[PDB]
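> If you want the building blocks of each chain, they are given just below.
There are 2 protein chains.
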Amino acid sequence: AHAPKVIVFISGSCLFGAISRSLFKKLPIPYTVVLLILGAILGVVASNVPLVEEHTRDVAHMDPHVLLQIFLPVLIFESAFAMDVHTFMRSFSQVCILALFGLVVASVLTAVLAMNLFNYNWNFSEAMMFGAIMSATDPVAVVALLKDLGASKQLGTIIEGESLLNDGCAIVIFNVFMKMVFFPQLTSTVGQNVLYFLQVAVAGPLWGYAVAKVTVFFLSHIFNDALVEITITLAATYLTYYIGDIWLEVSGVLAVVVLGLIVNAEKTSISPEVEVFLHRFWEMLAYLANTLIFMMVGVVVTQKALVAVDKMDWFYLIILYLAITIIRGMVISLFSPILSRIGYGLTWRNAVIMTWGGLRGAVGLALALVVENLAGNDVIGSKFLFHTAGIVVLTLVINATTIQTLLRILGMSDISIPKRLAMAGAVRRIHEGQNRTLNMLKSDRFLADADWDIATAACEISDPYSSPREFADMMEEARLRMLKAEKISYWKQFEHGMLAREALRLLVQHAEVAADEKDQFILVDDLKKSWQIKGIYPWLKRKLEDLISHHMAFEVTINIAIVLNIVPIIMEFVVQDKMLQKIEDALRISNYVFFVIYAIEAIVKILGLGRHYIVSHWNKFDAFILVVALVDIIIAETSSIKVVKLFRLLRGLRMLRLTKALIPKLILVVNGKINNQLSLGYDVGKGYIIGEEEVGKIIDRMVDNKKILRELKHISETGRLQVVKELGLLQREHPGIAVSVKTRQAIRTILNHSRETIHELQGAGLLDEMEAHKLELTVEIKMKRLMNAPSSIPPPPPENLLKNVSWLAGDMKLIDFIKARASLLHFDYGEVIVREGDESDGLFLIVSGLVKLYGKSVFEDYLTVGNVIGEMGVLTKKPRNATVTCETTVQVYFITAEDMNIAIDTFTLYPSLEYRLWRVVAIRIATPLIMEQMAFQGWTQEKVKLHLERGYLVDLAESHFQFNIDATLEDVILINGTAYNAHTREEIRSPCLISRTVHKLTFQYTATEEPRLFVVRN
Amino acid sequence: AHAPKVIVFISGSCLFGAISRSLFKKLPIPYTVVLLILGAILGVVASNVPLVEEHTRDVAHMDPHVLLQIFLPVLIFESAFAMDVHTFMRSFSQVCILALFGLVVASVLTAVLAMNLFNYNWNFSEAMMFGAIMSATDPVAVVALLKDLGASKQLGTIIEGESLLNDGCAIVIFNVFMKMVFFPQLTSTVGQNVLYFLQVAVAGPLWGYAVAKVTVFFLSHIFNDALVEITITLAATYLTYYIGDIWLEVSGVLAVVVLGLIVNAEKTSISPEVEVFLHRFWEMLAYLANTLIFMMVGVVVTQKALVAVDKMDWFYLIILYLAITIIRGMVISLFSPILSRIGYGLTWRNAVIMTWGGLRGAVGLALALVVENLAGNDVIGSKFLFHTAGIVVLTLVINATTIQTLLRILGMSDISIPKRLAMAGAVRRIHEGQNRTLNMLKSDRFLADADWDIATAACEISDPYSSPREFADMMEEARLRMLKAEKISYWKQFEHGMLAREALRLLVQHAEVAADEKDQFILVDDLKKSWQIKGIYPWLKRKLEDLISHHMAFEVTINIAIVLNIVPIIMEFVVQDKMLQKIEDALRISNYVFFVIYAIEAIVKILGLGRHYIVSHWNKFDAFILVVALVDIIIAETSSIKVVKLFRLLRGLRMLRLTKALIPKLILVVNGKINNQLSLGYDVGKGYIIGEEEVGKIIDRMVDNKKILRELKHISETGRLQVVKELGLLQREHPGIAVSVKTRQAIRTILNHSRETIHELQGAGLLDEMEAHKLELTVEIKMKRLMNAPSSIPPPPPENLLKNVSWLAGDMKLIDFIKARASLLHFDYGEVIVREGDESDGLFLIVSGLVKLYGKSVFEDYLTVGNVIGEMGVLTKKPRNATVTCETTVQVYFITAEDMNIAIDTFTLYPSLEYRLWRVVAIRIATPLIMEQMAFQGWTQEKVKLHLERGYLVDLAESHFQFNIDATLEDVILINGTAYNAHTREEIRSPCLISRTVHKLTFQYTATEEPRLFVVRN
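In order, the protein sequence lines correspond to chains A and B. Each residue of the first sequence is one higher than the one before, counting from 1 in this note's numbering. Each residue of the second sequence is one higher than the one before, counting from 1 in this note's numbering.
Chain A extracted, bound-state conformation:
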């Protein structure tokens, strides 16, 4: 059979690709040129040696179908799949203008040249096929350099996206003109041509979109089956192309492009193992396709093409190379007035790279082989193949090698001083670690006599990269140094999962954009562009909710019944539109019986709802459709004008009333869009707030100048406050979406720490490897089920807020008491709930709204639902520390200090209510104190809070003296009250970090300021 033999030839191609790719890794020329050389050699061998000709001929040629329907889909999908979708969408308008118009203009100009330069006397359709071939690109070799050098990352994204769209549209143009040349048909009317344009250009992406959304839907519902996900992705990728191109005659390649982009975007719905597998799998297929195409080009160019090449063809080829380079540069320059004003903009030297980086590749060669096959004996196939191969070789030899020197000359290969210094520091760190390990290993019993001259050489890692004027100098130093601290903070937040990858990239992009620009800091108005939702979706949401504003089984039954009955309707009316004696009778009978049994909705609803049945708007349509069907059924017991109008009405009216059930789902879709935008804005805002709170502890130990310190601290806080206000406003604008976004991240954090506990048990050897996977898989299934959480969650009632406060969360009997003794208060904008210095009246738990707080230790921040205000008012029993003002309509539970005192004095079990309240206060006191001692040591706020979570209040009043052992402790904070050192007799009367040299403490009955102390176990 032929299939084993083609697999054999594919494996031969595999090994030749391996050889070429391995040996010429040193040399600058890419391996594809070596594959062309090998193809040429194999061609001459198979020509002069018939013993191998008769074997190889059977596989040496490829039908147009295998090219256009296997190779091109693979290449185009792999290109669409490896792309970073988000930056592409960020630059879509620029990349799409450049691709879709530059392709047309470049192909037209190339076709004009091919008619006027070459003596081949081609007509315009042939020249346009030629231009479409010569306009394809393959910059995989250049985007790699732009990624490695790191400079102008947006340029790499733009070039790659342009290549993707350019290749897709080039294939479409080729498919048109190939038909006009090799499969001519009679002149179609303008209307049919317009429909054909819409079929290829508009139906394609829409078909891809539909299949992509269906595929991601199903992928979101598969668990513990990597094979099913992989298989579904592959089957969808091929069926999209085949059904599009063959059955629908819709542009398959564009649908495949859209499918790749969408599936890449929705990567969160795919388990990570399947993600990495799919990336490597499509890379492998693209590699095989490239090797096969290049070797086939060499073989057939020696066998069939070069036998008909004249001395003038080489001159034409050189002129063509110059012409296409000039055309591409001219196109880019001509659109520069537009591209400069959209997306990323376009620097001159970026335009130079984009011109020079236009490598041609496998797509053009595959199209040239299609032409060569279809042309048969005509010279046009040989001319096409020769010129395409010549251009490919010239670009891969000249451009693909000189691109590096061009990057150097234009001044872009220079790696920035920041990154160079970071690399040098990291290398020295690694080197010191190696030195330590070398010493230990030398000081060991078993490996004492290893040849260290070999080992030390073997491990050596080496560097890969090798007064007011003074006040402005120091200011620019501090500016860049602070932005570096912000970058570090954003990465640290990412690694623990406080940040989504997209939020991280947004923040890092804003930080590097702020670094290169003069006198700049991260602009809060550039962050606001995230959570400021575009009004389209809110508009739609309120509209649909307005539009949607008797047992449960009835509507389920009727909604099923519509789907059931539409099949008879369409079956009959399509037949009547197209044009068994029992079948038409059976269809009419089915219509009549359906109309009869529709009493179970019509009259049942009329009687159940009573006279007011018609008040509900949709029941009016329910009556109307029955009225129409009654007449058009009664007619049967009594012409063209009857039937051709009934076939309109009895279809149209029956499908319409399904929208009543459809709207609730579109509401969910709008909610999902709003949820995604709100979640991204929330993540970036929270990340920025935390980054400012962390960098605002580092700067006090990192700039000396006590004027630059104040200016940077002011810029930091004036940025922070706007965000903390706006995030509070977002909740009020869209409550339930925010509630869902909060619950989701809560679960995510819990699951991450559960995985870390599992890995700790695994590394400690307390849990088997096979048991570790079994637990981890449940962790992952829960994590994936997070993606299917409702996009909106109903906000909890206030009693559920009381039920969940950290200190209330315990005894049901205490919760019942607090229900029995509480009051609910409501306040308007600008009402001030708390003043400084007033005596304690009770505790406030805010259940709605946003409040601003102010007071000297200043403290200008805000609080929101679930926060408790006046925490120690009944513990310390002293004048208020701060003022609280309503920034919004605010609702709180107020429980009087008289109400507290009873429970305070009565709930005295070992998990004491006073103990719980003081611990809630102590964590808040302790966190800044721990940070001020460790922010430069590298911990984040959340690890600080988890570290303090293990701690407990010191059980004083057993006796008023204590000293501790570090074998049972690791940190101490004095929260409140008066204490004094047992050795030095120095008093401590402040919230203080108890330094680790403080040996022994003693206390006394300063009854107004009684002590509390907090300690952490190892």
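All the pointers check out, no bait thrown in.
Here are the simulated DSS-like pairs of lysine-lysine, each with C-alpha atoms no more than 27 Å apart in a straight line: (1) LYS774(A) x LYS784(A); (2) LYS25(B) x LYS784(A); (3) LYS1000(B) x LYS1000(A); (4) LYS852(A) x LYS877(A); (5) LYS784(A) x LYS26(B); (6) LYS725(B) x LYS852(B); (7) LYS25(B) x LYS213(A); (8) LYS487(A) x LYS529(A); (9) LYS697(A) x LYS484(A); (10) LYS784(B) x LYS26(A); (11) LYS852(B) x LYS803(B); (12) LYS153(B) x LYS774(A); (13) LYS26(A) x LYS774(B); (14) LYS153(B) x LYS419(B); (15) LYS213(B) x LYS5(A); (16) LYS782(A) x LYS147(B); (17) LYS782(A) x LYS26(B); (18) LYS943(B) x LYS487(B); (19) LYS26(A) x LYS153(A); (20) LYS774(B) x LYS484(A); (21) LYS782(B) x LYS26(A); (22) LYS267(B) x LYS25(A); (23) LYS784(B) x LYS25(A); (24) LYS774(A) x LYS419(B); (25) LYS774(B) x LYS267(A); (26) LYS419(A) x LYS774(B); (27) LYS725(B) x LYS943(B); (28) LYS147(A) x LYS484(A); (29) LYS697(A) x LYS518(A); (30) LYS487(A) x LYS774(B); (31) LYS147(B) x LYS774(A); (32) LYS943(A) x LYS943(B); (33) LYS774(A) x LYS487(B); (34) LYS5(A) x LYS179(B); (35) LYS147(A) x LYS774(B); (36) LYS782(A) x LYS25(B).
What the hints contain is simulated information worked out from the structure, not anything from laboratory work.
Fit chain B to the given chain A structure using the hints.
Below, chain B without anything else, positioned relative to chain A:
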């Protein structure tokens, strides 16, 4: 074209497999039965609806070639690839006996039944095809249960290996009898039949072995190219099959089996990413093959088979099911007298599982489809397909579901108390961690109002599994508790890379075997089976080294010349054996010119070496071959008997002398085999020593009974000492191999810690993600280059040992001094180098041999090259602490205390020589002290040593008082000398762990016992 359509059908199969696999996950029946049902439905549809018949018929049938040459290789290779090779090799004799003989006996018995039960009147060849089909297996559904239950892991390995070999040999038997039935040929002679048997049974595995070794060779030389590795593996896998089955007519399937097993074994030569990709890729292909085969079976069984099935065929099918189950059980029982005495043995209930677990699968169905296609219109194809499908369905419905209940009834589904308790503890740990994180999250500003009723329910992980008599009870408790501590230690050593995976599995197997057996502890003689090298390779090594015992370019030129000239020789003599006028003349001329130019070896060597040229043995053959060629060339200037003998001699003599160059490489091969065995033994011994040294610190805090304590401590040390002796002996037996094995692990440890430093910088955000990958890739390329390190490394000279001692390793001027003042001593067995209580004479650095040490703090251990003996003899200047005796011929550098005192008093820079010596002493003192405080806390010895590596000696004598701050320190050990507490005035005169409550220390001029103190920075 046909290829796009077959891809479409494959994608349809993909989606049906996805549906069946997803929906029936709850139900017990496997999805393949659902695929058969779907195939049946599709068959009846395509039968009664010609509109889809005309479309589907083109793909519905499959040629025998696509089955036998695509599907079967894929299935067999995937089976061979997923297998754990090492346990399979450990049980190979048992599994191979059972597979290769049970297959023959079962197929013969089934064929006899098929002749005698069925009225089909088959001949013996047809019945043997039938038996070969019915003897195939597919236990993938049962080995999964045996892996999940964890009981009888060896049984899972045995069943899986039996299936692999059984399927391979069944395909071979089928290929024989299919030829005899459907492609008959004339009766061959017995000799040709014997050659055919050798061609199928012996040449197959050898061809697979050759391709496997070549493939792993090339894979060992590829770096930073995952695609090349993947591509080469796939190309090799298919070319092995194709070249074997088609060009060589050698059994392809067996070669594929051997290739899969070998490539799986050599996984260390493949980058891990390529490993996981290949596993998932072959799983995917096997899944596709299974789905396609089952659906095709359903389609064709409805279209062609069931139309010719009678009421008696069902009775035959049921009788056949019973018969094959009985036959398999009988075979297993009959071989039980043999299988019980080899490999794993065979428990009765294991035999019951193996009988009931014999699921049939895709291989039998594919062979049945081959028969059905070849039979054409004959009833035999329908009978074969019907019976095969019936057996498959019966086994998948009955056996595949009842296997779980059988495992329960026989008493194997019960999970052991140890694992249940471990799971309960791990679950409670995870639950407590979730509780902590829940509390913190509640005590947070941003997520305060998340619906915790949703979150807490969402994250909940749940348990998956739900007096002398008293002295013996306590003894069995301590025995099992110690073995559990050993298991933990072996896992902890693995996670940091002190152990190879195989060494870990050896130790864990020995630990669990020792746990289930009564009154048992890990037997040192079971560890010895690792490093006790079988004598074959040492024998070969010495033999080849004996056999192998004038400018450099000459031999390179001649070794190339032999390879060059053999091509003319073979080209001429094959032609003369087979039977251009210029070509034969040119060949003779080439022979004569080669003989003439061979003067450049013959006479050049004779003159260069002189008269004694003939003394070297190989020069005698060099002269002999020239003598023979001279006569047979001179003949041309003067018949059959001439030519047919010259064609023997002038070939044979020319190839022989290449063995002189070949032997040096075979020496390397033998060295590699010895290296692998020695390395595995070394790893297991070192792991056992460290495990005993760690568990020997835990037991003092883990058993109360001070008699069971002594007995277990004695069993531990008496095991340890034998290993520490034998590992010392191994070095002397095979020096350079041991040196290479030491250097390799040194580099491995350094690279692991370098990777950890990189990940630390990455997590701290100090290094970019893209920079982190760039460094990590260099780390990985170095790690992979470790695999190509020489298998033997020449032992360093003594001056290189002096050059590398931890304290000598510094100033070149000090090294020069030590060269200037040193002495080298040699000692025999039983000479005692050091006695207790003698005055200091100097320091010993051992450069060769093994010495035993003894002394009260007892200390009964050994030391080896690179160890220094008498470390503080010139520091403390007091009577010796211990006795040292030569266990072997021993050589040491002895440098007199008089020689020390000068350098001690002169090398006083900041990196003081005395400082370095005291630090070398201090680490040795400090390590046990840190372990005794932390062994139960979970640290290993190596993390202890790395922790101490950061520490330094306290710079006393600035003033004799000090106190420290934990913000600059983390641990303290007092090494030697006299100190006293500043507050309590208590003296300290012992090597002591300075507990963290010790605030302040003071010292004094007790000149005989001056103090040294060691502290660790954070």
